[PDB]
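Novice: Given next are the chains, with one letter for each unit.
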Amino acid sequence: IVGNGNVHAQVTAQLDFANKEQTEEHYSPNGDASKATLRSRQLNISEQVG
Amino acid sequence: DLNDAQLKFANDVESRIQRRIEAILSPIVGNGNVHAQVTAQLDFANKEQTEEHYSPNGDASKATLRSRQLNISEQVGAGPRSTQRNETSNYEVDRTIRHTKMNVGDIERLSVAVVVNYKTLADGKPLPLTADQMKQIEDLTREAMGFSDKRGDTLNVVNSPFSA
Amino acid sequence: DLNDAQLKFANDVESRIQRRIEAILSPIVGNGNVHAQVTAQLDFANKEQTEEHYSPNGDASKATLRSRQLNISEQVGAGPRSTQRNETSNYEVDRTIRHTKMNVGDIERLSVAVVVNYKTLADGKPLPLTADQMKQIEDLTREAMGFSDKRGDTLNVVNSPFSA
Amino acid sequence: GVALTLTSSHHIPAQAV
Amino acid sequence: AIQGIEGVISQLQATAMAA
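Residue numbers (the deposited numbering), protein chains in the order written: chain I, 256 to 305; chain H, 229 to 305, 353 to 439; chain G, 229 to 305, 353 to 439; chain s, 62 to 78; chain m, 3 to 21.
Some clues are possibly wrong.
Example chain I residues on the side facing chain H (calculated, C-beta under 7 Å, incomplete) [claimed, not checked]:
no.: 1; residue: 258
no.: 2; residue: 262
no.: 3; residue: 292
Derived by calculation from the structure, the hints in this document are not laboratory data.
Backbone N, C-alpha and C define an ideal beta-carbon position, used for all residues, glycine too.
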């Protein structure tokens with residue numbers, strides 16, 4: 256569109272030459288009883304009405 | 229060393245996307261009446277992921293059990356009532372381990388610049404294209420480039436008369 | 229190295245999908261009166277998955293038992356009643372382990388761009404096609420490309436006169 | 062009498078009364 | 003573990019063969 260020679264461009268690049276290593280651990284929240292997965296549950300209930 | 233190989237990989241991917249766009253844009257717009265260039269942001273980071281999922285068992289209907297002890301006591305003398360319930364339950368849960376090694380060299384974000392020419396009739400007047408034709412070119416380029424919104428792809432097609 | 233092999237694999241898959249589309253689009257539209265190009269987003273990530281499923285046993289009708297101890301006591305003197360029930364149950368549950376290794380090189384999302392020509396009668400006037408014929412072409416291309424909605428496939432077929 | 066079955070480590074053993 | 007579940011299915015196959 257502009258024509259040969261009717262355009263000039265120059266590019267400079269800031270690069271990344273730093274070696275990085277990352278380990279990510281994520282736990283799904285289980286505070287709601289509906290999405291909570293259980294292995295063992297002990298429920299002792301006592302009601303001594305006088 | 230490895231950086232040059234990655235750069236050549238990017239250049240080949242960009243060239244093939246360019247050729248695929250040109251292939252469909254040629255029959256209707258015409259040979260040379262279309263120019264496109266592709267740049268690709270690639271993924272050369274080695275990632276390894278292990279996923280563990282547990283099915284919820286809080287509802288008694290979907291809960292799987294191995295052993296259950298239910299001690300119930302009711303000493304009625353509400354008066355001097357005395358209720359006592361000791362419940363112990365051991366569950367077995369569904370488990371899904373997924374191990375994934377992402378491929379090195381995947382495409383993260385693709386942006387493509389396409390320029391089309393005007394239409395010179397038998398007289399020679401460079402008549403510009405129409406909105407419908409421009410929309411068709413945009414759709415064809417989106418199809419050729421594999422346009423997606425999750426990646427964040429951007430496409431720009433403009434109409435202008437080519438220089439001599 | 230491996231990236232070039234993956235790219236050639238993608239190119240062969242795209243070329244074969246293109247040829248399959250062209251094969252059915254040729255007899256009705258005509259040789260050269262149809263052009264199609266295919267791009268394929270592929271899966272080169274090695275995934276390994278192990279799935280464990282337990283059948284629920286909360287209902288006493290489908291519950292399988294190995295040992296059961298039911299101590300029941302009722303000391304009636353409601354008055355000075357005293358009920359006591361100690362129940363211990365050991366269950367055996369259905370179990371299904373599935374181990375899956377997904378194939379490397381599967382197709383994730385296929386988008387296809389097809390362009391058809393106009394109809395030049397014996398006079399030579401480029402008469403455009405009709406809506407019914409366009410719908411037929413769309414259906415045929417969907418069948419050839421293996422169009423699916425879970426993958427997220429997109430298809431675009433437009434009608435325009437080919438250039439000289 | 063019948064100690065409930067413990068499939069793993071987290072599973073709680075039967076509680077006497 | 004994924005390999006642990008592989009071992010579980012292997013022991014299930016062992017039980018099948020033994021029967």
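Novice: Taking the closest Cβ pair, is residue 292 of chain I under 7 Å from chain H?
Specialist: holds, 4 Å
Novice: Holds or violated: the hint that residue 258 of chain I contacts chain H, with Cβ atoms closer than 7 Å.
Specialist: holds, 4 Å
Novice: Does residue 262 of chain I hold up as a contact with chain H if the rule is Cβ-Cβ below 7 Å?
Specialist: violated, 10 Å
Of the hints listed earlier, the one the structure fails to meet is number 2.
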